[PDB]
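*Asks:* If you want the building blocks of each chain, they are given just below.
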Amino acid sequence: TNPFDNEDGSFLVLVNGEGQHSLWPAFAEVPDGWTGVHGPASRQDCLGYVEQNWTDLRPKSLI
Amino acid sequence: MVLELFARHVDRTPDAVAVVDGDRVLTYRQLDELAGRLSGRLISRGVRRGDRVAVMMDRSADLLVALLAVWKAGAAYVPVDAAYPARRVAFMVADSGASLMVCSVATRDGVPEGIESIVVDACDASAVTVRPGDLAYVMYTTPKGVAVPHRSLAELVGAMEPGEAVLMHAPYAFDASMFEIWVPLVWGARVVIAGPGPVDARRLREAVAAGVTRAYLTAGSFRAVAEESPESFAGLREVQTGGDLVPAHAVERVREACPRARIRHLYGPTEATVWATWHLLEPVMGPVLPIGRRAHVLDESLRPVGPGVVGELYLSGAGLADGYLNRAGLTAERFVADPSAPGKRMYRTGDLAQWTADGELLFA
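For the record, the sequence lines run as chains E and A. Following the working numbering, the residues of the first sequence are numbered contiguously, the last one being 913. Following the working numbering, the residues of the second sequence are numbered contiguously, the last one being 1485.
Any given hint could turn out to be false.
[To be verified] Pairs of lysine-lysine residues, derived as DSS-like cross-links and limited to a Cα-Cα distance of at most 30 angstroms, are as follows: (1) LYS910/E to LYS1265/A; (2) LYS1265/A to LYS1465/A; (3) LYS910/E to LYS1465/A.
Hints listed in this document are in silico derivations from the structure and should not be mistaken for laboratory results.
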């Protein structure tokens, strides 16, 4: 199973400079250039946060 | 940028053939003028930069005109296949947010209710500024709209000589065929479009005789010819298969008949696009994926696997799409952060791969 697919996993929501969001496994180190925004939580909770807050999928550098 | 490269070949060789579609033959100049005129029509009917235009046309020759016209307006192209049911077609136009649908007389029936229609069959000058991040495409797999930036398309095209010829089955909503039609035009070559039906060994032998040096074939046709006559592939510098990775036996048969031919398969989907070349494996022939100057093979903990270990393939590069339209959550789980590259993303293919002792990336 893929870490990002596992439902038993604790997850994090990361955001880069372009406003793009990524799920991240809680055990993994946060990569450089990515910032955490939503505490360790269930897969679904994180997905909910993304569907709510990542409204414009366009990179920010293009207005 | 396809438009910038195409313009060069319109300047250097305007009278060269660009498309050979059945009875229809278009030079680089003709294709440019026809697209410029249709582009002006799109601008009149309200097409602005960043807008999305749905295109549903039978013939490939028309398909290219519409494409360039959409890009000339600065808009993005949503490929719609006439075969799709109206449930699909209506949804794809709704999800993309396309205001206008471009069609032919034959396909006009498919235009959903409430969509402004322009028919290619039935002068103002604009000068638009576009950037590589702008969307060129929205490609649909309920179907998921993949937002492809102009830059991603540029990577795929980024070698052919002018007047060289590529034999291609009719472009399809499928990711493979839709992008391939560009490759010949960026180099000054010509697209030669196969009549409907499986490519046969003789058609392949006839095409190479006409000057086709490259062929983009369905997995089924490749296997058919590989069994029928491996020797028919002779004359081609590169033969490329799309769809299911062809059985290794067929590739080995074709190689014995044509030692010079390069066999590749376009396994990748629209989100992340990979061109893979068959090579003789150390043990045999196997698909090999270029690392580039990137790809990662990662375990379940997202830590890089050792050589000879199989892991899931993650792809990072300029070819990656922005994400899935109206699916932020799905984009976030598929387009995960890349530990190697700051502020970058890697796309999980869902496909297994492994590293050879030589360091070549191997599909699995």
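*Asks:* Each hint needs a verdict: does it hold in this structure or not?
*Replies:* Structure-based check of each hint:
For the suggested pair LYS910/E and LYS1265/A, the alpha carbons sit about 22 angstroms apart, so the restraint of at most 30 angstroms is met. For the proposed pair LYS1265/A and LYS1465/A, the alpha carbon gap of about 22 angstroms is at most 30 angstroms, so the pair holds. With a C-alpha separation of about 14 angstroms, the suggested pairing of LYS910/E with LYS1465/A holds against the 30 angstroms cut-off.
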